[PDB]
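*Asks:* Read off the chains here:
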Amino acid sequence: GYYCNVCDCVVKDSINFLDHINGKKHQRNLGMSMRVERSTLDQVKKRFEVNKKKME
Amino acid sequence: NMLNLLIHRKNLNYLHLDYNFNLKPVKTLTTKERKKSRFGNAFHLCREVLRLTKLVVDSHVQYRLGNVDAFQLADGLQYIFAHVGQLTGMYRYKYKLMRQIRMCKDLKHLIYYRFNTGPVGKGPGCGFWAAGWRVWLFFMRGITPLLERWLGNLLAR
Amino acid sequence: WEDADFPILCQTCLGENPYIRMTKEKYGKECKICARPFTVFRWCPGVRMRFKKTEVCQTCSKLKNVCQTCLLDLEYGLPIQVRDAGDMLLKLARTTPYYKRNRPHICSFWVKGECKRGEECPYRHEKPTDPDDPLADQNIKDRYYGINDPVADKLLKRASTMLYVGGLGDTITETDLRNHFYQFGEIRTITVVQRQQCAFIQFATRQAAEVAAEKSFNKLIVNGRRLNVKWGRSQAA
Amino acid sequence: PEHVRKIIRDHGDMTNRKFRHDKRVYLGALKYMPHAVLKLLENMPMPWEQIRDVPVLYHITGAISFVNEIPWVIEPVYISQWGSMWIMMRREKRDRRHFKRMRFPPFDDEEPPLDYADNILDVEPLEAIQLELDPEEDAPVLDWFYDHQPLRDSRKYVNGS
Amino acid sequence: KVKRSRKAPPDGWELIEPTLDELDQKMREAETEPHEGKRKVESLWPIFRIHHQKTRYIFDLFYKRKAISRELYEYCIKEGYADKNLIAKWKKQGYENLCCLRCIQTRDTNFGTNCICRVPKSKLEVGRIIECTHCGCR
Amino acid sequence: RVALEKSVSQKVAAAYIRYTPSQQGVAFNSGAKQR
Amino acid sequence: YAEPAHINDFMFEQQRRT
Amino acid sequence: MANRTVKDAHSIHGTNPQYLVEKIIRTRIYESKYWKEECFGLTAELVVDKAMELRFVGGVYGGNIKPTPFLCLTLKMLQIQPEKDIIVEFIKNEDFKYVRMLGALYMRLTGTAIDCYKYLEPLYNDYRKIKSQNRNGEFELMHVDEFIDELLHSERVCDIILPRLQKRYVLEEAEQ
RNA sequence: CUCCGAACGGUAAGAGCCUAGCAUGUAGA
Ligand SMILES: O=P(O)(O)O[C@H]1[C@H](OP(=O)(O)O)[C@H](OP(=O)(O)O)[C@H](OP(=O)(O)O)[C@@H](OP(=O)(O)O)[C@H]1OP(=O)(O)O
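Residue numbers (the UniProt record's numbering), protein chains in the order written: chain A, 79 to 134; chain Y, 502 to 658; chain B, 15 to 100, 145 to 220, 234 to 308; chain R, 63 to 223; chain U, 3 to 140; chain W, 148 to 162, 176 to 195; chain L, 114 to 131; chain C, 1 to 176.
What the hints contain is simulated information worked out from the structure, not anything from laboratory work.
Note that the Cβ used here is the ideal one computed from N, Cα and C, for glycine as well.
Be careful, since some hints might not be right.
[Claimed, not checked] Straight-line C-alpha distance at most 27 Å; calculated DSSO-like pairs for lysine-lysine: (1) 66/C x 129/C; (2) 174/B x 84/C; (3) 68/R x 42/U; (4) 5/U x 28/U; (5) 85/R x 43/B.
[What the hints assert, rightly or not] Pulled a few chain B residues facing chain U out of the computed Cβ check, cut under 7 Å: (6) 35; (7) 37; (8) 177; (9) 178.
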């Protein structure tokens, strides 16, 4: 099935591989689970501008 | 909050108690998970008593909100006694509650067939909130010490 | 499982106030190092102190000769590791016990940066003494047992790193001092001066007198007095 | 007197948001007091009443609140109150064709405690049950058959207030 | 707001009609605030402070200024505009500016005494920025 | 009868101070003779 | 050496505050 | 990951911030492909791109209840708990109707009733149609105005519970 | 003619791998 080369483990499902990705020692070397939000305005402004630019 | 604290306090994330005081499993998983679940006659009895309580209290809540008038609180207390028989909190907990239920149904038979002796007595109607306070107040009154002691041993566990 | 009447407390843990106010609690908080129910009572050691409590239970502390909330000692004031491995303790101890233990620990809201309580922080507004030294790292169970102390080695090496004697008065005489030097060795020229209440002694090649320098650094206690000792000339000045 | 509402404003627990070392006590003493339920079903306002009020005894933990007023009505007062509701109820059925009852579930079975719209209530459909006592015969007691909790709390004409 | 009395003010509530509405709006705005910033209990001091301010305003309008009638003061006490035990506690000569009613009960403190809110500042210590934990201030 | 009443109360519930610091207190925190 | 006492409340607390 | 996305930012009205929907629906939405792709990584601009990618309105469908991508985006927004300015900008953006519907649902879920009315009053004028998924999984045609009127009415939608404060007359007598 | 029942006695037995909802609030320098 799924294969994790970082841990070299065989995952029998998709949730096991997605879990092995982050939420483990591999994430601990990748910065563990910490992720914040990006500002408030500028993220939604640039996101809406890039989305409207790519759309049309 | 109380019973949900007991439920999450037993390291069992499979069940989610309805805030209208039911209990339903989530994952359609039992057997092994059910074998640490299906227990505690005290928890089922206490959930039953609070279920009747919260049915009463929420009935008066929507009364004082939006459809209180005279139909709702009267008919709801009456069918709340008849549904203490038919809907909620049934005999699975303790033995004699069927006897108090049958006395409740008979009292409802008396009060209805006399109060509907005239043109009013026919369909669903007022059916004065008179036996419910009395009957089930005495039933919880007797159940006070017994459910207290058994739930106290349950809290000790 | 363990009730008592009064705590086996320190003299510094109680506080620098002759009247404090305790609050007994029958069967509280579950003793730190043996896991047994005991009788927790806290108090306020003084004004703007830490509201100190009781950790280590009555049998826990009574058995191992230690106080119920600091685990140092009722007799001396040293840790339980120094007072076991190591006498030397009497010159190593201190009187006037510093009340730098009974003070509030560091406000973590201030360490992060936003202590909202302003001047009203009932915690303490200093900087966190850097993590690196193992005196940032001691615990209770390793402290309470003799095994692995961060303090007790650092104070046990204070015990081996580091003549004008005076304070004679009417207790020290010449024959007592020369017989207390006679167990160290023989004299070359000794004298006793009484205008300053002092004594002068020498030795063949020091050495033996060297351990007298180990014996008399405000430490040689004979006739019930802390003697005064500073260095001689040894320079023909 | 609003301290109950504000302290109970902690339905959840941000593990320290009224939630640090209070969760233990909150899970504990609730099973001491189901009896609070036996007082709580007691003092419910009767049909002849509108809403009135009650005493309440709150622990500072706020995980329990028994209703302390052991309900204490009078003899012919409560008799004529519930019987007045009987006469007005029967003649109410005589009049309307009111094809209505309540819902089975009084609220929906996923909802919250609904603390808000009667946390500031300001809304009482208080046309409850009082048959209009005609001021020719009932004149000895027109101020009497209208008090839910003040019926016995009359403090006048010998009530031992 | 609901009155639940059906009395309709004998002398009229018009005099202190607007001040009571502003106090109720301030109390609702204080109760609608979240538990952010307060450690365990620092957010509950504002409701008690607003209740103490409303009780002091009712005491100054009823007893001190002597403008409103006694029937209006009784209607405000029965409605909820002021407290009954606080008006009796502030009427004593020993204290007229108490912080709250949680510092006067002798069974509230664990040491079996009074709190620091009802204490003289001239008899206390010089350096003390302490405030009442159950009332809010001193 | 008082001892039996206390024992029965304990079974039903189950089923100032002046101490002179005469141990080490001599000059540290001087003035503590009765505490 | 500890023992009980029956000491003046007011003067105890007064000397404490002082 | 699935526990909470904010360490200490804010709280919900009367429940947990991550528990606004039902626990059975949360457990069903905890195991999905798009839900795992969102829980692997989710930012504000990533949520905006995920809202602009999928245009559908619905809840769970079929006997094996699987969440909709709009419900997954709503769960990720409820977990992440963004600021009110980003929600107001998403509700005010008329370019993406699905992102506007997601912002309206987030404002009706975690916002106050006065702010919900002030955000739903421009929402009633949007006559643009939108794709909707039925309970059996079949596609249904609807409009944004009907969904806004259903969100401004009592909670009858699936996997949603958001009561109001009072009637329109009582709220007009209380304030503006 | 209108007296309505609930649970236990019931789902196996394990092998290697994978992921989670919680809980304590300390004396020390
Ligand atoms: O069908 P009946 O034998 O004539 O008795 C019925 C019946 O009571 P019972 O079945 O318990 O004897 C109804 O209760 P249900 O079981 O049908 O729910 C009850 O109505 P309530 O629920 O309000 O008590 C009322 O019937 P009705 O709806 O007309 O009031 C009553 O007697 P009657 O039919 O003679 O009135």
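*Asks:* For each hint, tell me whether it holds in the structure or not.
*Replies:* Results of checking the hints against the structure:
Restraint check for residue 66/C and residue 129/C: satisfied, since their Cα atoms lie roughly 24 Å apart, inside the 27 Å limit. Between the alpha carbons of residue 174/B and residue 84/C the distance comes to roughly 24 Å, so the proposed pair stays at or under 27 Å and holds. For the suggested pair residue 68/R and residue 42/U, the alpha carbons sit about 13 Å apart, so the restraint of at most 27 Å is met. Our distance criterion of 27 Å between C-alpha atoms is met by residue 5/U and residue 28/U, whose separation comes to about 18 Å.
For the hint linking residue 85/R to residue 43/B, the alpha-carbon distance of about 16 Å falls within 27 Å, and the restraint holds. Given hint, residue 35/B at the interface with chain U, holds; its Cβ is 5 Å from that chain's nearest Cβ, closer than 7 Å. Hint status for residue 37/B: holds, given a least beta-carbon distance of 6 Å to chain U, under 7 Å. For residue 177/B, the shortest C-beta to C-beta distance to chain U is roughly 5 Å, which falls under 7 Å, so the interface hint holds.
Given the 7 Å rule on beta carbons, the hint for residue 178/B holds: about 5 Å separates it from the nearest Cβ of chain U.
No hint from the list above goes unmet by this structure.
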